[PDB]
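Q: So the chains spell out like this:
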Amino acid sequence: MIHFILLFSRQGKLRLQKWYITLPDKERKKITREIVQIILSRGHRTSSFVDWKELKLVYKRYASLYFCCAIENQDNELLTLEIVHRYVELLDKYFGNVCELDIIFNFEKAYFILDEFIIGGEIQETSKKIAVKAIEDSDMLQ
Amino acid sequence: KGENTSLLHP
Amino acid sequence: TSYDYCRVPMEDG
Amino acid sequence: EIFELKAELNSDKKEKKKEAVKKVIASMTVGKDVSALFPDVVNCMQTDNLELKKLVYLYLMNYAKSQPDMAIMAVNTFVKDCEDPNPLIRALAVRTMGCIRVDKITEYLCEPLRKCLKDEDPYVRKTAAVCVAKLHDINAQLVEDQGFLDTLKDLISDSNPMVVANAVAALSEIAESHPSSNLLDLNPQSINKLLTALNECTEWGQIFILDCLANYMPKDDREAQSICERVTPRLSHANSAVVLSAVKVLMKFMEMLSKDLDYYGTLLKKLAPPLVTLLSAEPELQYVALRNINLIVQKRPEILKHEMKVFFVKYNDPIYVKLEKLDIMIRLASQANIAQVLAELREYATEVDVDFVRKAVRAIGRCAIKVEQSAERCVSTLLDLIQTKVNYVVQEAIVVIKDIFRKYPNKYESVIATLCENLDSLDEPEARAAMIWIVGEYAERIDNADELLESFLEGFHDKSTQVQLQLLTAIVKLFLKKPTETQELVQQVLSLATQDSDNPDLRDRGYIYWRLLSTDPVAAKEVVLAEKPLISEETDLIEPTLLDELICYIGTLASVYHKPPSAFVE
Amino acid sequence: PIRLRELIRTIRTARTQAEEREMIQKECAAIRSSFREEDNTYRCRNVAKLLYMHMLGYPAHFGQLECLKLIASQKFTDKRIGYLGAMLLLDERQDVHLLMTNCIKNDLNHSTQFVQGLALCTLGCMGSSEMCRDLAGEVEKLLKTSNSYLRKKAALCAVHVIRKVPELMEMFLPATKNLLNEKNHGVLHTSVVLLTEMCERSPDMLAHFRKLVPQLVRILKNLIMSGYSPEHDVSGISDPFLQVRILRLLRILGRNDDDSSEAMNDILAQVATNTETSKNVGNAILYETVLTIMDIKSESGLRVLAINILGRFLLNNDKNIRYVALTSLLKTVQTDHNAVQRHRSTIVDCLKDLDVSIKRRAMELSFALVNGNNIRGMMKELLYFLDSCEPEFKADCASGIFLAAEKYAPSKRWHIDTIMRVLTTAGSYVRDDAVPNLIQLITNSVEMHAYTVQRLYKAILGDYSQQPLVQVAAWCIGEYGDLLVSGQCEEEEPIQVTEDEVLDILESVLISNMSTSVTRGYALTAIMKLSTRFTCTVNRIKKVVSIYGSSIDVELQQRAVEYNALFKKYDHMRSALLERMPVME
Amino acid sequence: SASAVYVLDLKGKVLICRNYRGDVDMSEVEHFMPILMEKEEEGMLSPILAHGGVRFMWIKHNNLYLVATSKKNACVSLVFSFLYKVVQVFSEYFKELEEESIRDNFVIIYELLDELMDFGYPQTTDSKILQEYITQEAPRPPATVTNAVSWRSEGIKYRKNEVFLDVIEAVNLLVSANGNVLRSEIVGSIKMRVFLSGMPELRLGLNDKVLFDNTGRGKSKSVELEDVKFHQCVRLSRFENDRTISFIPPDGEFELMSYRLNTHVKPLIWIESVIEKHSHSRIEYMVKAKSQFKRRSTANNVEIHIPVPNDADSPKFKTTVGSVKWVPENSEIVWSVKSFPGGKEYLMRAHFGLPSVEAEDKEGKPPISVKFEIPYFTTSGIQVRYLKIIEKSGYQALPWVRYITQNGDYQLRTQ
Amino acid sequence: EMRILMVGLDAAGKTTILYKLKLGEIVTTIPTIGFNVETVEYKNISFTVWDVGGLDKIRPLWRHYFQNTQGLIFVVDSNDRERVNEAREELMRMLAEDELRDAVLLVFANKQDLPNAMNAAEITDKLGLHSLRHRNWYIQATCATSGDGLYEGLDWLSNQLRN
Ligand SMILES: Nc1nc2c(ncn2[C@@H]2O[C@H](COP(=O)(O)OP(=O)(O)OP(=O)(O)O)[C@@H](O)[C@H]2O)c(=O)[nH]1
Ligand SMILES: [Mg+2]
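Protein chains in written order, with the authors' numbering: chain S, 1 to 142; chain L, 158 to 167; chain T, 4 to 16; chain B, 14 to 583; chain G, 4 to 588; chain M, 2 to 138, 146 to 423; chain H, 17 to 179.
Derived by calculation from the structure, the hints in this document are not laboratory data.
If a hint is listed, it holds; no wrong ones were tucked in.
Here are some of the chain S residues that sit facing chain G, going by a computed Cβ distance under 10 angstroms:
| id | residue |
| --- | --- |
| 1 | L14 |
| 2 | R28 |
| 3 | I119 |
| 4 | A131 |
Just so you know, even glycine gets a beta-carbon here, dropped at the ideal spot from N, CA and C.
For reference, chain S alone in the conformation it holds in the complex:
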């Protein structure tokens, strides 16, 4: 059960956030600043898992953009990184040669891809053609 997903850049700016656990706003700005301060001060071969407050935090850098998740500490771990990779491929197939600026400008559609891929914490569409077909049909309705 993915608790939350953060998309932050290299500079520390936050490009996306999605909380599947309902903790209040000042706690969000605390948790976000602490996790951005942890991951940006962490080396390149640091095993891509952080045991942060009973949450095996999973991150995977792809560009100046980072990623982040938070699995419950009884579940699979590498599949969370595979979820992150699948989300990158969905962002690529919807946008087409996906960029950093394609997520900064079109973040509302990044949320729509995420909510056509992850709702409630878990994965709703295991395929990578049916999810992009669903979001292209939902935009086809405009």
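We have chain S already, so just place chains L, T, B, G, M and H with the ligands on it with the hints.
A: Frame of chain S, contents of chains L, T, B, G, M and H with the ligands only:
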């Protein structure tokens, strides 16, 4: 700038 | 500044 | 990438090597490792162009530490440039000489610096006087072996007071490095000279020839007045470091004058307007000025006791000035201006800077501890703050009311009637223990004190240490005051404090209370409900054995930290 | 009204945050003004700009109602931005989120499936303890349906309403009946997630749900035998998201059953051998297979194979795989206790690793690895490690050494020696909650007290600025100073104890400001307990108590008076209440 | 006693650097910005940060941090006055000092950071004298650089001889919520612009209270200058003797003296404001601004700021005189009056809404702070009496003065 | 164009009135937890009706909709003799706020089906509408299941919009 690089190089 | 001056005396004897 | 740069650098045209060295120190500016290109700019150094040689001296200064063995190819060029008819290039070479921090180079540079100290043109002399201190920073015993200090003291007796100011600065730099063997302070006649050289040098040299007067101490009363009457006109200067150093030497030299003479009060009245006017400057000077006034009003409180209104903070002040003016308003509280301070601190607990509001509530507390006339106004203000129902304001105000009640315990029984109904679901343990103390020590005018401590025994085994210990004191005192309705309450709290409790101080106090209660409860009225002696206040004034020392260091890091100059430097 | 892209391009041109706040509040006032006109055309882009302002972390509390005005609209784009703003701006504790209930309930009966998709999306992401009590009767209506796009959303919405309201899963037992024969795999994935939650919450649902084990065994076997699918395929691997969930459902089942344990034997024997171990995805499959093996009462030949898999995992150069192997060995500590222990050199080598996470899992695994046979050897390496940590590792290590030593101590003297070595080497990192455990265990010691107190006294004369050291030491002096100083009522031949610097070191603890005002309570308790335990020198510590009753701390000022009353009035009652404390578990 | 004058940017990387003693390593500035961001989130921010044995004296310019590191017990006020004088020297060579000026003028800025300070000691910082051998466009150093008169280069010849003075007042004020005056002092600053030829010895004359009490004219209007901070140029021993202002002026604009006295007179512009802040609904500002000063004077271009809540919406402004713009950046209304004559009393009514859903955090209450300007008028009543140009050559100059009253921090607190 | 609320007690037929004015049918309606909105267009004015339920946990959230409000419809129930006291308490706790001060009051006496039900006079006597000051209150006997009196109240609402 470091942003115009694409993500996963398809 | 669009303000204008006023001349002062020199010696004040 | 660098090879084209070196090839263009080893050319013979002016426009090629000039653009080459500009490209070099442009790459040095952005922070590129240009240290490997050292011995190629040294070849294209001897030019008659002067806009170029500053760049090469810059490269020799920023990259002689990293290339110590390669920098031996510059000494002939500096001792050539220290004989040129242009005085600018001589002083440029001289201030380039001392900053080269290589031990193998300074043994050859002692002769042209010795010549330039005896130069005629005073620009290169005021450069070389500081260069002597540069050389003493590298090798101290080398300068003593060469005997520059006895030549350096002869520029103090020179005219044209800028060389005098730089020489006094360098001598105070070197005499700080010595173990004070052969202290370089001088007779009163040289002090007459420097005081007649104070009115002629630059605005920056006036700081240096006042920082040497922080080492002299006079031996007479007419002498100290005679020099303070010439230091005192420096208090009307624009530069806020000049005024502060003049305040430093006045605060040092007023320790010699006589109070019965009518000059001492004149010096106290001539000192307050500059100390106030320092606070109407730029905020990074206001911080240092406030820590210096904090160091002064603990020493001579007779100066600024009529000036409260200039320490009222503004909203556009930064945090580091607002956190200090509250402590100054603590230091200046007296009978005449309790009303202004309590009407002012009430408007500071409505702000959003939480550390500032906590400091303001503690300032109300220290004002209530400091004077006795206004403790009722302080308790009224704190109860009016508690009735705003802001969480951190209440969690500091309860602790502050505790700190007041421990001082003035007698006749505040009309206060806890508001404190018995005050939303006892408070969170922070530093104020929960304060609430338990206010209940337990005054468990006579609270006719329902037993039924509110029932709420505190719900999670008693895992609150804190201080909260559990204060409950263990207060419930025992409650049973001792009223043994009728509280008979099972003390039994259940001793059963939860001795049997299933494992905190060892809690266990020790629980078994001491259980043995004292089961042994003789009649004696317990005299043991634990004892008439306690008067709680001695903690004098947070700095100790006068230390405070007389830090008068000599005003305007330094010893003054801002309020620490002696050895406890923080490394 | 400007567009979203114009606002983002304007915000990216701001340099200082004290200018970026200005460019936020400029457009924020225009959004507020356009909300006071009750617009219906440009309201989409205004709420989109407001969600952008929230995403940076600026106040967007006023734009909560205008999401609700978009949810109850009739165009689709406004419904999309409305449900997105509902999932961002609103949560359980906002209390304006009760207004979404009617709009979601009308949008679950909507004609187009995509509005029902967004309504299931929002309720799955952020439903509360009160919204889900009135919506689960309509989700099960959307769960019996035939639309394959909405079954996968209704199942995870059911997962969310069972996670928030655990007394509501009983109405899904007649809703989950025979929906595992789905040809589509996303619906099958979400149904396996739903069965995972249903089997995790209540054990009384297991008996109906462990009968359908060979069905999903056949499903997973058909997944593995199907070597390729055009979708679902990540590097030649057939639908790993379904396989990991099926293996997790196999893990949470059969862990105390034998019939289903014999049922799942074949495919677990197969996929542990018939899988690909090149990319990360096959390692994920194999790790979930390992965890499926470790929790169930499997065949004895399977666990040897699984330990061989983990021994392969320990040797990989990928640090991900090392983290997975340390996590997996941390899982199966109790089950198969002895075969884990032969990787001891590899685990201790992970304590020397250059990573925070690897050293943390190696620390936890080494603390779980200590038994009553490797106790004398492994503690020497762990005590060598504790001095050679980062400042963040010493706290958890100082806790774990105490926890492992309280369980599996070979003797009492060496136990106190190790704990004392930890207290001398941790200092300002050992947790203050461990001090009752340390004092409780050294007073559980009945035979060796003088050897403890002499070493504590020799330790705190070295330093006093470690807080838990003197927290232990003041209590130890105050309860056993008679074994510190024995038979020395007057001045005798010079031994190391002197019954005068014993009191002076506690006085120095009191005077020096390296005390957190809880060592001082221990200190005064020690001083007053050295009035009955010491018949050598009394009426001198009475001075130290009597001069202490004016201190600015509250409890110290109470305690000094409550001791001084006994020193001045009830000296015949001082010994009458300083009997030794009884010792509990 | 500085060690390394650094000049940073808002990202923390080094725009330009200049060390003198080497006691601080050049990589120590990399620990500045993480330490500042750590101290920023606990309220212990200070101009003197601490990294072990390296202290960071720093000021904040527009985009620039002028960190001056040190290791020993440095004279701190020396370092800060040095840093603000470095700011003034750079802003006198460069029209503005930003990130675009450092990396484009590194030819002259290393020369200046080598010239102003050697070994940590300021030695020559007068920028106008420094314009004569450190140019962006080299000869011998002028004799003014070494001589006692170190702020006036001899040999300057003009066509006219104009002596301009600007006795500019600045009323500070702090009125509490009760409607009473807490602090009211005037920080005035005579700001000269000297165009003279030769080496003049001016003698400025004021109506000082002490000079008139020692003169014998103690019944006319005399200002009690509670403190005076003259420039470097003023002979301060002669001023301490008999309150005489004798100096040799520099060439160009400078600030001669900065007097500072208290005020038992009424405030000039009074802001009688009331706030009907109904919760969740709206807010009304029935504010008025009366002028307590004389009828003749004319307050130009005043800007009466009034702080509004953070999330206000749909403004309505029923005024009488002077327009209202609403600035939501600063979250305040700017009731700009173009011309505000004395004795008048102008009423203004602002009316916002407020969101019905309540806020999440607190708001804070900044003060009403006007930005007034009154020409030809002094609140202090200081009157310059004479200005005796003394020159060896002998000529008649034309000394001109004008009187401006401005604000300093003219704040009035709210409820 | 006129922002109208429908506050009032639970099981009052306010959603029944809302679906009667828009479509014209009596559909099966659950007790609505959140809110509803429809563009009811009669007497050439688009009366935007912000229909809000009145359950035990929504009555505090009515203050989020008391902004830009131009008229109220406080629907009472006629068959509830016991619930008119809490309806009066809700009405005097709602009208006593600074916001929603210039909106007319239009009470609908819904559910006229029984002799146990009341007329306009007794409901006016029990609610105390005559004790209101600076308010244009008007009670209207309505029948939601048959449309009796609804369009008369909308006509009175349309005339009291302009002045
Ligand atoms: N006799 C009679 N019954 C009515 C009338 N109008 C509505 N009802 C009944 O009242 C019940 C509740 O009304 P609804 O509109 O469905 O729900 P509601 O009153 O809006 O409940 P809330 O949404 O909580 O305010 C319905 O089941 C109807 O049967 C009416 O005019 N006459
Ligand atoms: Mg309804």
